[PDB]
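Here you get one chain, nothing else, as structure tokens; it is the form deposited without its partner chain.
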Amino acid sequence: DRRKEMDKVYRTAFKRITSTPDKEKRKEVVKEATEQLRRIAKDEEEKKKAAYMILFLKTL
């Protein structure tokens, strides 16, 4: 259940980042996505998935 909520935050951030022309605006979404993912994950395996998901958003 905690993983499906983490997939929502990631997939929702993706759509917003992938369709926002402003460079500075996208940085604010991934920053917002970063905080919500770090707060929704406390397990070791969970936090690793958030690490990759945050990494994927930033390289966009």
Given for the second form:
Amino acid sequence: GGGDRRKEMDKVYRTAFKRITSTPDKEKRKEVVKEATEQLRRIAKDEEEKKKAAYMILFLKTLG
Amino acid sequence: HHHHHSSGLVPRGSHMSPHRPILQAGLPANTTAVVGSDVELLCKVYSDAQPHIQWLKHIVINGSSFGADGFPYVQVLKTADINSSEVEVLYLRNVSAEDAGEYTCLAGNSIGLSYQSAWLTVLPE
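Moving from the form deposited without its partner chain, what structure would you give for the form solved in complex with its partner chain?
Every component of the complex follows; first up is the chain already shown.
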């Protein structure tokens, strides 16, 4: 349950983090963030994962 | 047991897998400050892979740091592309009652994202 949830959330982060730091096109970055946002809010169930989801989205959104 | 030359972090580009950044325990630390003074929060980030630093401040609306859904009101203060060989610093100058609350330091690399928090208390003069 909770363990499988956090593992799924880590996979979404690594997949998104690889794309944002690879291409510099801001449009392609916005598409990966949007995609990562939709999957992340679906996995989150309790407050610890909701704060963790919010943290990762903003981390990837403000990625240089 | 395990015998290696170094008990530190795995070197970058080694046969050992890389990990998410490690934030040192206690940094940032809960600090108290008087109105008008200057405050500095630290964050010691250890990482083999390149990490990105991020500072957030938790916003309180209607006496709550979370929305009606349950996601936290946070405000991005500072971001960085690389971590320092020394320490990460958040400079809070001329603190007021509104500067008080929860501050969070974030460091994330190719593997994961780690985050620690601390509370700043602001007292009158």
